[PDB]
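In the form deposited in one PDB entry, a lone chain appears below as structure tokens.
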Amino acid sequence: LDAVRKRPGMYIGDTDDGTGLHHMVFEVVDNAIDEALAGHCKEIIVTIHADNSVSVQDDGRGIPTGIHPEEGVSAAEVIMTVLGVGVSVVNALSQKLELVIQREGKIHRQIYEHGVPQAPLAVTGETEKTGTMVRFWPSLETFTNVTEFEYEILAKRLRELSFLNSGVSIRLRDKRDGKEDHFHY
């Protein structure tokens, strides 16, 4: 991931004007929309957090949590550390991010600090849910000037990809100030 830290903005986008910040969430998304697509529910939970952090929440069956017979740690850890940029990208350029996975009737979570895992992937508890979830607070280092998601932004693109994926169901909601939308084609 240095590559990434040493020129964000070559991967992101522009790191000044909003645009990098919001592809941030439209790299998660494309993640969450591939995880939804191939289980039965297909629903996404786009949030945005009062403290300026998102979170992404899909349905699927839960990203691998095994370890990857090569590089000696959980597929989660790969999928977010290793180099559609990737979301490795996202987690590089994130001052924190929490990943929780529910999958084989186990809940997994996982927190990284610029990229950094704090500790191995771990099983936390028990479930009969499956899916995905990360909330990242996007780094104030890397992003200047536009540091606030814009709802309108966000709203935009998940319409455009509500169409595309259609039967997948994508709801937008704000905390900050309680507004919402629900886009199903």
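Positions refer to the first chain, counted from 1. Under this definition, the rigid core comprises the largest set of C-alpha atoms superposing within 1.5 Å between the forms. Compared with the form deposited in another entry:
- Compared between the two forms on the core, the listed residues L140, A122, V116, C41 keep their C-alpha shifts below 2 Å, save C41.
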The other form holds:
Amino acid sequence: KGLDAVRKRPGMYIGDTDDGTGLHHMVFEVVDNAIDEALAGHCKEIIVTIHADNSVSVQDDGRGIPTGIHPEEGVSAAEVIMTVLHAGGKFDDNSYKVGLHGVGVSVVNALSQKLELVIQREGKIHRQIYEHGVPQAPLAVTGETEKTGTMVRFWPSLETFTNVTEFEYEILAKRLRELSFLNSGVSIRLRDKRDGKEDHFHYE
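Please show me the structure of the same protein in the form deposited in another entry, now that we have looked at it in the form deposited in one PDB entry.
Shown below: the chain alone.
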């Protein structure tokens, strides 16, 4: 019900879907959840990549989204946060009234024709794929790791986002400079695989 409401009324969640506002807000919601993981004391570096196909990935080195089975939903906690709008505690399905805290990545998932989630946690890499917010398989172990963190790569839905479908480096760079200044403990990298441009923001 939650993701359906987002697909139907994306304007209410992410902003204008025609003038590039919503499209960049998609990146901002993912980055905000990485910044929350830095605020909480776990994440020290965030890497934002504009891929050659105008998907965007956000990598953090925090705890990794929990992978254990959710006691209520009976699927991975990661799948619950990705697919149950109310679970993150930021958004709900109200079509009348539009806040500050909680995980909002389910809105990005809903409005992405594809999303890739990779979690490094408890010595294992875990991967799940979604299309239009629908998981294509359960969260699966792909390998071993000595690191922790979360990677979200999303392909904005070309059924939702019209006219402006390509990311503007400068729009993302400005928000990451602001976030780097305010979150002086975090290193933020921006990489554009379309033209090779890269930046590193870290409070000096």
